[PDB]
Amino acid sequence: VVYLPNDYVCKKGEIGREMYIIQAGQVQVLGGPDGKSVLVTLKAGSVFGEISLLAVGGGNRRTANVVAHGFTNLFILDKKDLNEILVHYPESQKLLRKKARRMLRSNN
Amino acid sequence: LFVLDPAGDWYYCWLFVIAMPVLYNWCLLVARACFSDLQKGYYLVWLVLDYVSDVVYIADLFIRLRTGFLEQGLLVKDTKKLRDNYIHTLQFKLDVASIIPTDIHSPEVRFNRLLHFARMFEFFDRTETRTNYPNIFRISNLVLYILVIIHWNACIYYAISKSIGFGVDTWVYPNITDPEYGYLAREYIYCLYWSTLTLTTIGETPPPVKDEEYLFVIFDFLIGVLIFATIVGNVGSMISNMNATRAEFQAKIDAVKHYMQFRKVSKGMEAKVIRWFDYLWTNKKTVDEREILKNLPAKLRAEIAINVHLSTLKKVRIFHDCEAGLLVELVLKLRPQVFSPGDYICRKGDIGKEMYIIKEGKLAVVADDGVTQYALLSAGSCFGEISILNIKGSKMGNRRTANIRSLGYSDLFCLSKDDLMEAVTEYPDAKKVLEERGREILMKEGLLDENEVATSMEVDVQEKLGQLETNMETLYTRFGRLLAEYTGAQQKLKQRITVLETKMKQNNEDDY
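So the sequence lines, in the order shown, correspond to chains B and A.
Using PDB author numbering, you'd call the opening residue of the first sequence number 981 and step up by one each time.
Mapping of the second sequence onto PDB author numbering: residues 130 to 232, 240 to 648, in sequence order.
So here's chain B without its partners, still in its complex pose:
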């Protein structure tokens, strides 16, 4: 998927259901007291939002605004696609569920 400049890849409080891989371009994680202030700029080869794939329906909400800086080409893996893949790999499914529990327990 190609994003136009200043497009919102992720919006704060929106549903997170995808994992993005930056093939080209940059994205900016906007945050601050004022807001809309660049905190970190992710160049090509970066992967962000991967934790939203392990969440249940409605489980994950985006916590910061991610804005494309220029024309950004991203590779996206939807949660539905991962769920459709995982039915053929019960061992990896169990491993990912265990990792989800560990992520939930350790962060809280």
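There could be a bad hint or two in this list.
What the hints assert, rightly or not - Within a straight-line C-alpha distance of at most 25 Å, the following computed DSS-like cross-link-like pairs (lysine-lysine) qualify:
| id | chain 1 | residue 1 | chain 2 | residue 2 |
| --- | --- | --- | --- | --- |
| 1 | A | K639 | A | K628 |
| 2 | B | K1060 | A | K388 |
| 3 | A | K553 | A | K528 |
| 4 | B | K1060 | A | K210 |
| 5 | A | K553 | A | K484 |
| 6 | A | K567 | B | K1023 |
| 7 | A | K600 | B | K1074 |
| 8 | A | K420 | A | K495 |
| 9 | A | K553 | B | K992 |
| 10 | A | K568 | B | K1060 |
| 11 | A | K484 | A | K531 |
Just so you know, the hints here were simulated from the structure itself, not pulled from any lab data.
With chain B's structure known, arrange chain A on it following the hints.
Below, chain A without anything else, positioned relative to chain B:
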């Protein structure tokens, strides 16, 4: 500092400014070199025009140093990066060689300006994508190429005639000293006529006399064959492109018309299908909406679908308090539907699993006899909202309770039961609110309470056996787990009571 954007509008306005001197140099330099009367007669005009062209040629060099380029999706505005991107290219070499100073006023020393022609081809390429009329420009651009070749060939014929000698034989241009032939209006117009007559291969040119003259006419005929075949190929490919929409539509009607005569479709239904295809062509609704926007990304597709359906979808009672994220999911699920006049959207007693929103057209709630109408549904109205909700108990049983008929052609957008279920997988709280609102509406109608003790079970005997196997494996882990927490406490329990037992038992020895 100022940096130009190639996609920008101002860059295209410069492209017209530079292409005019380039086109002037390609047309007038060959003519002034070959037709000496043109050069001497209008020497002051060429003196001004040559300076103006050279100023633009130098300016284009400075512009080329200040056009940005996209690097990682960002326009580059760094002065050193723009200079290094342009200088090492081949185009810098042609552009410098184009504007190299001549160190005579003759037009022949200015032939280096014929280089850097790429700015002229770029303008034509840029104009074609920008113009609303792409075929009119493509013909006009093609005709201009013919005129430049014909004009160039006209000047070569006059130059060859000068080299051989004017009037030495019948093939060359006649004697200049003769006042009947020796003036600039006659010699250009006849040579233009000769070049057109020879390149187009239509009329008959005067026969050549010498072997050098035979070669030039053979070359023109060979060149004119390639030009004419390219003309027919370009125009013939344009005509195929303009007709392609109608040609593929006529194939669909012909394919359907073959099926109706093959399967003996009744004439009442056959004329209904024919009348439908005339509506599609007349109102230009032949292409499907889903096929049009399938290439667009989901963000751009959602942005378009918000502007079409979000105003009407928020008027639906159940979607009153829906979240902004869910509403974007719903408007992407809507599917267009077109109904002929008198068509039944839904009938009483028919299973209903869709909700329809009227984009355009008038629908009428009608009785069992179609003519009598209870109510009228205009554009923006919705019906069937409760059918897509899976209420636990409904006296309706997802069956339509009204007959809806279209008075004329109506455009409907349908949200199905499955599409609503898919949208609310990620919005579980909203699903609960939608069902509660539908339950409240069903109370007001009086059609809610049903199936209190009625439940349907379709689990397979092998699948129901699976839960019995599954429940057994879960309990055995608990049997170890319940005891391990308890026995460790029980192992802890025995020592702590015993030490209190033994110490108090020793007290009894002190008692007596």
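Consistency of the hints with the structure:
1. Restraint check for A:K639 and A:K628: satisfied, since their Cα atoms lie roughly 18 Å apart, inside the 25 Å limit.
2. For a cut-off of 25 Å, the pair hint linking B:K1060 to A:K388 is broken: about 37 Å separates their Cα positions.
3. A threshold of 25 Å between alpha carbons decides the hint, and for A:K553 with A:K528 the separation of about 14 Å falls inside it, so the pair holds.
4. Restraint check: the Cα-Cα separation between B:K1060 and A:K210 comes to about 44 Å, which exceeds 25 Å; the hinted pair is violated.
5. In summary, the hint linking A:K553 to A:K484 is supported, as the alpha carbons are separated by about 19 Å, within the 25 Å threshold.
6. At roughly 38 Å between alpha-carbon atoms, A:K567 and B:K1023 are farther apart than 25 Å, so this suggested pair is violated.
7. A distance of roughly 23 Å separates the Cα atoms of A:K600 and B:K1074; the hinted pair therefore holds under the 25 Å criterion.
8. Among the hinted pairs, A:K420 with A:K495 is consistent with the structure: their alpha-carbon atoms are about 17 Å apart, no more than 25 Å.
9. For the proposed pair A:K553 and B:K992, the alpha carbon gap of about 30 Å is over 25 Å, so the pair is violated.
10. Distance check on the hinted pair: A:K568 and B:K1060 sit about 22 Å apart at the alpha-carbon level, within 25 Å; holds.
11. With a C-alpha separation of about 14 Å, the suggested pairing of A:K484 with A:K531 holds against the 25 Å cut-off.
Violation of the numbered hints given earlier is confined to hints 2, 4, 6, 9; the remaining hints are satisfied by the structure.
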